[PDB]
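A.B. asks: Listed below, chain by chain, are the residues.
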Amino acid sequence: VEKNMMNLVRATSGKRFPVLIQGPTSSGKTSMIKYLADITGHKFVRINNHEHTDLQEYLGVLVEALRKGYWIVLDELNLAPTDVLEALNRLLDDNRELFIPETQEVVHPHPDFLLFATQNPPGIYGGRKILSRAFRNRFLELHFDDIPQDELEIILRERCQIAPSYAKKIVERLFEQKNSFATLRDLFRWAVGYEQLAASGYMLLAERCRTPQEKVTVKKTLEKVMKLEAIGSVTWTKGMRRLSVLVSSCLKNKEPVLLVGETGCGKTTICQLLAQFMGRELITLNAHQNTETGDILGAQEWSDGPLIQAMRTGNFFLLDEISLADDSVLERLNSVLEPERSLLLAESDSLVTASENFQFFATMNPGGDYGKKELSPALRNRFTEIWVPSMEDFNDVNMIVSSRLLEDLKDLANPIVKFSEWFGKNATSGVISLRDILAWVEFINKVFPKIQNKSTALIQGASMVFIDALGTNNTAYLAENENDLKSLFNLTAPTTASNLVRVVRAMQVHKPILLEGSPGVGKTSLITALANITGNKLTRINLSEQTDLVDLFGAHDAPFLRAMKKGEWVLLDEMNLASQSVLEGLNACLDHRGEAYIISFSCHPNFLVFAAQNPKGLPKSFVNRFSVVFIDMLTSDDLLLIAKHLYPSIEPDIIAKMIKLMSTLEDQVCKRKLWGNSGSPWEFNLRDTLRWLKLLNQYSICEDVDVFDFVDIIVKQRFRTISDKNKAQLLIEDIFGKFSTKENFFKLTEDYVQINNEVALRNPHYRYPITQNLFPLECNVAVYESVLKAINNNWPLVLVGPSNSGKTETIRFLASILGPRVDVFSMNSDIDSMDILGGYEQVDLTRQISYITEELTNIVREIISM
Amino acid sequence: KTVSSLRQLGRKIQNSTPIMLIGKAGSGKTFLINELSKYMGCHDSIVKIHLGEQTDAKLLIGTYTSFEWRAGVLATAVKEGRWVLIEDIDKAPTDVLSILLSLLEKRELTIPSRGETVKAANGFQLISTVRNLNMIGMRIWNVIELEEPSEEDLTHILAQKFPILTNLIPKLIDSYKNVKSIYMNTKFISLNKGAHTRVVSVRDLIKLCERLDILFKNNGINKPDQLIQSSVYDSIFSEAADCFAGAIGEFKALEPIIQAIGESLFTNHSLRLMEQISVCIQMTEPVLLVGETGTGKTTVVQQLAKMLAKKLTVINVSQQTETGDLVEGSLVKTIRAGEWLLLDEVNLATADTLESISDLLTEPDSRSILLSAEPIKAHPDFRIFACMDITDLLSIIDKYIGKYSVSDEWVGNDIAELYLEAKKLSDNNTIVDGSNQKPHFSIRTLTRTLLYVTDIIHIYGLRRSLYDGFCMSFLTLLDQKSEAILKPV
Amino acid sequence: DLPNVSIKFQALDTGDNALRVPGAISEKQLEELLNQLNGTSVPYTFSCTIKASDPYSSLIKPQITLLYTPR
Amino acid sequence: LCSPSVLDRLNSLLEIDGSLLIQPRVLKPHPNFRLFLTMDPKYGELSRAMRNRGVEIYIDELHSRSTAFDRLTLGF
Amino acid sequence: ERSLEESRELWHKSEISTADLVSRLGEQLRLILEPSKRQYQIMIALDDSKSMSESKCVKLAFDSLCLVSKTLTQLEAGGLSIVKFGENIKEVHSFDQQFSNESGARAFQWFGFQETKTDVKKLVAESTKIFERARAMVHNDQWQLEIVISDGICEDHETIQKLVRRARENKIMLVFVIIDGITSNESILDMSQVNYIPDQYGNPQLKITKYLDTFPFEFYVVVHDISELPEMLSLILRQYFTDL
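Chains as they are written, first to last, in the authors' numbering: chain D, 1061 to 1119, 1135 to 1247, 1260 to 1278, 1283 to 1318, 1335 to 1407, 1473 to 1519, 1523 to 1600, 1606 to 1668, 1719 to 1785, 1798 to 1840, 1845 to 1861, 1869 to 2119; chain L, 293 to 358, 365 to 429, 444 to 577, 628 to 688, 812 to 857, 862 to 877, 907 to 1007; chain E, 28 to 44, 48 to 71, 75 to 83, 87 to 91, 102 to 108, 116 to 124; chain U, 2216 to 2237, 2246 to 2299; chain W, 4623 to 4657, 4699 to 4907.
Treat the hints with care, as some may be off.
Derived list of chain L stretches under chain D, where covered just means 3 residues or more per stretch with a C-beta under 8 Å from a C-beta of chain D [to be verified]:
1. 395-402
2. 445-454
3. 474-486
4. 947-959
What the hints contain is simulated information worked out from the structure, not anything from laboratory work. Cβ coordinates follow ideal geometry from the N, Cα and C atoms, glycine included.
Kindly produce the complete structure, drawing on both the sequences and the hints.
C.D. replies: Given below as structure tokens:
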């Protein structure tokens, strides 16, 4: 590789010549130029990482370069930010004239200048750089050498144990492992059972609980070819050899160890066992997603962070939220490793003590967290891998966490019913018992009796319909109730009322509440009842299948946020297929923190969440959600009974209620076997038959019959005009008798209109002038019937047609007879901030005068006619 | 029988109503409407738009100035009452259909966010020319379909206007059928010849105007019986149908010998451009088209700056406000003078006023642009410009100071490598290694002995050929490059 | 062009090559391959496709497991 | 291009006894206000909260519905 | 050519056996594919070689093939086509064509696995021409792939290297899948090769080399199970949906 060094001395002979190198990164590449910049006796290597800039970060790599500056340098250009690439080709012009008008600074080509560039090529991709071949044109192409023996040679200049792992942990394949094993064999001959055993234990540590793979087995096989008494609150016999390995890594080396795995199964007890077994350590919860990057160390005088003390003295650290953290800040932290325990400083600016017994430690998020993704690969070669031993084929490991409670009886009741559940179809049941102890440790509302078991069967038994929806799961809940005792929307008699306080059993902590069942069918009615039953409670329904923060958060101003920090609850619907971009924002806002962030905003004095599922595709972050429930869907007689409570003041007609009620529901069964389709949520409800009921008590239809004269609007004309539409008549004549009648009668007056059943008034003193003169159609009188039906019963309408035959024509006809004004609004790009919210006007003067003018007009019309 | 379509248009405007106009690319769709305003008398008062998405989406309807109101253009078009033309509306933003639905709404209506609502006065008329999502636009508009025919009008359209033809009617159709046929396979080889801008018979009408100057290079006569001029105006007659392009040269085999006869062929390569620019300015406005990069173009910038008049350029990528008053715009003076103008790196920040400037220098009347300030028609001595290697082999080695009999295979090395540079390098590092960067890097290679000690160039080229094709070898092909280092010997 | 032909080599006492993919050749120049595998550079006999137990156009069927032993 | 998460604002002026949000300027309907919508089925699919709620009606093309008088009162 | 009935039977069999894998990989792809502007022109090689008459890789091969076909059927943000080869070429399904189980049964119907050569370079040229055809009749920026399916039956690789160069010049990828015997101890890593040394008179210096050393491709995977190419192509499409 010193061949490349001499070729680079040959490259520096000509200045104002933009250079560029490509090849493996951190494979000796930058170390060569850093070794050189002192050998050449010129100024020191400056370097600035560019994957995002602001041009006062850049403005200054160039501001440095002036006045006998060293020259500009780039570490990575493959993922360079696209915001700043045009004034960088300005620099590729050697005849540049650089007048920046931000600070009005004029600059010409400097004598000591060299556009050093560094980049990694694509891998298995078909062309990946953010660099153009035209931008490549004025760049001196180079390739970086790579020797295999180098891993033998660093340990040759001084013995170590990461000199093994200096490039070996990158294996994470088989041929790579074998060749690096050959390097380790040549290492084994070089100044052994000591570090052979140590590297064997390290190999066994990289896949302790990462996976059950036998990569460690083949590793130790090819190695055979190459061939404690801590004290804490918890012993954790699983972690005994684990802590032996950790102590040896802390002891033989400064080798920083990096935890990744399942929390609450070794991640937490080990930090306590350590701090009890030894001191000197700043054991602290240090998180960094939104925290300032200097205050993590402390700055302005000069403040002091937590990490500044661990840098000052320590044998251990505990940083969190680290896979969800900024890579640039963490590569600035690259010197607290084997390099001297010291980093960048400005203004304390003194060198800090270093001890090779110091072992910087942190941990990554649990496997269910979305932030455990975005792992930095730079931090998975310079560290030591270790995974939390997960509990499988053990039921005594939960027993220690159940015994810690004041009442030791959970150790008796939890495992037996846990086993009966596992018999009926385990570490996830351990997570549920972990939630159950927290449910019960929260429980002191009663006298604290032996009711914990009565409680914990809901979360485990009743929640089984998710993983396996089956007609026998009720009997499984019954058998779990038998083992339980062995271990020991409307106010309405149906179980829909049991469902009500069944939900309140979950209102213990209640970050989310997930739900399953055909949604809106009793579900939304239940929460509407909840809003009625308790005062001072707002809610707001909110669909989400294709959406954005701007339809949810605004530029600040939005209904979810106007509702948040103001109420206590928001409804939600249709989270079957959400964005998975907003879902990050959802899991970010209100875990128990309140304050949101991606831009940030403070929330949660009190606020709750509701949800649903439409039975797929769903993430584990959806399964992550702390609370899960299955609802009790309705039952045919339950609907009859709420109806028979509401309506029977005149002619209950319960037998006919049953017939129409079975019609709209049996039509759903007929639909799901391909009864044609015009839309996606093409289903039925109670609301249809309730509207049938509402018109059936029309005050005075001007008729003594309305029985089978509502199947024109709710079964018939919803469905497309097609021969299959006759088959709905076949179905509803197979359940009900037949009747046919007069098809049309329209004739109007000056006072009253009359359309086939229904009459309506028309206002004198005004109508709306409608040019493009209209007349009624002999056809489609059936539709203006239903329109007047709607605006007499006050129901919004939607119409669907092939862009002919008159959709706006219908309303515009009738609103010439009787109408007030109509204000058409064509929706072609608008959004929630436009549907209601007008924009903003700078002056807003004569715009406003239109209001008073128009008002005077519309009142003077009526007064002059009067 | 175009006049059939013209009478059709007269019928549709008989009741003042909108209309859609559709056809294949370049049937002279603008031709019919540019003809119409002569009859009905709105050319000095029309409102027309190439398309606005990168120079405008709301300024047409206007906006305040902080401390006065400024009424937009289309608002004035409606309110004062006059024609309005939209060009290639299918390309428009859907924001711009949301307003045009209101113009196809009753009252023929427009409504700003000023509290007002603006009604069409009696002289309004909307017209579209097209080459989706607003069906009421497709529903109310009357389609009319243009098609300029083959094989009979292509002689006729000239035969009553520039009646000079005794070898062109066999040749015009032969050029058109084959240029339209090769247009299918040139896009099959879309690497750099790419999506060629489509041919119009208006370009054959430019070639009518090009046959005027060959008779200015001759004299008025029923038949020039000259072979070379019939053969020079074979290649050039075929060339105006083309422009700058990717230059693979498949058509160069067909182009010169295209009727029955022909043969292929400071400034040596620039000579061709230096003469083609003369041909194009000699056939002045309404046309100019260049896609060749401004880097190689600046020799022509210096050329025309010292021929008889001067010129300048203005960057269009940045926001320019010198187009008009703010103090008057400095661009108002070059139009007022006979000084010419180029536009560097067109990005359409403002090109509305410029498309009016395109067709000024012509016999009918056409105003450039108004201000509110120095309105002006045009200048009769003016020509705008627009901006976005085998004889230089000697010129490239001519870079060297000399003083020594150099082997001319220094550049033979360049092409000998460049042949391989898109053939065989074992999938170099992941990607196309190069087939256009290597000659610029070859002249760069000569620049390395500059900024370098006094030492011979014979020792240098064999050290420097290694340095040139260094990563090009990739340590998978390092012996064929060893031969590249031998040719210097 | 002549097709590439893949042959395996297993001695009469169950030797072994895995197989190898040369170009097209006849049944004569293979003793060299056998003896360099032996590392003895010996005449040998042959048999294969027992079809009818062949020992170039004899070698025309495709895989081949060549039998062989010193004569 | 209405993007159904717009019309969720209209869940508070719907079959439910409604009230719309908009500091305190909160509005409810007028006692003659009603609401209407249109669509084409090639886009269609408005919302489950506005198809099993509200009312939907199909309208076939005209000249397959019509009668000869309805044809004759039009220029046809 | 086989009978359509047995081909459709075995087609449905492989369709059933791969059902869990196609479902889980397809929903994994659905999770990522959403953020159109650009798209894919995918095609597959279907050998008819004597290598398919040996080692029973036809089982794993046909399983993976019906798997990827059923998977790509459901995404539909681009094109999908089918072509087979012995040493000849034969399309079975274009990009604008719509796929059916009958089409897969027909594609399996056409094989006999009786060859002595493989015109993989002719296959490269034909696939290149048809991707050029696709890019011509599709507007205008969209990437293409051919996936090569055989154990390696070649008379040259030096033509194939510059073919790969010319193909990479077209924004096209060529992904060899190193097909290896599942019932055999034989492996590509054990596959040796003869090297005739005529500068040293040939026969007296026949070096023993590997098929891998002269292997002209850059992107390839040895496989002993059906999952590998699926998960790798999952990585590929994840890289795209990261980019696009």
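A.B. asks: Each hint needs a verdict: does it hold in this structure or not?
C.D. replies: Here is how each hint holds up against the structure:
| no. | hint | verdict |
| --- | --- | --- |
| 1 | 395-402 | holds (count 4) |
| 2 | 445-454 | holds (count 5) |
| 3 | 474-486 | violated (count 0) |
| 4 | 947-959 | holds (count 9) |
The structure is inconsistent with hint 3 alone, although it conforms to all the rest.
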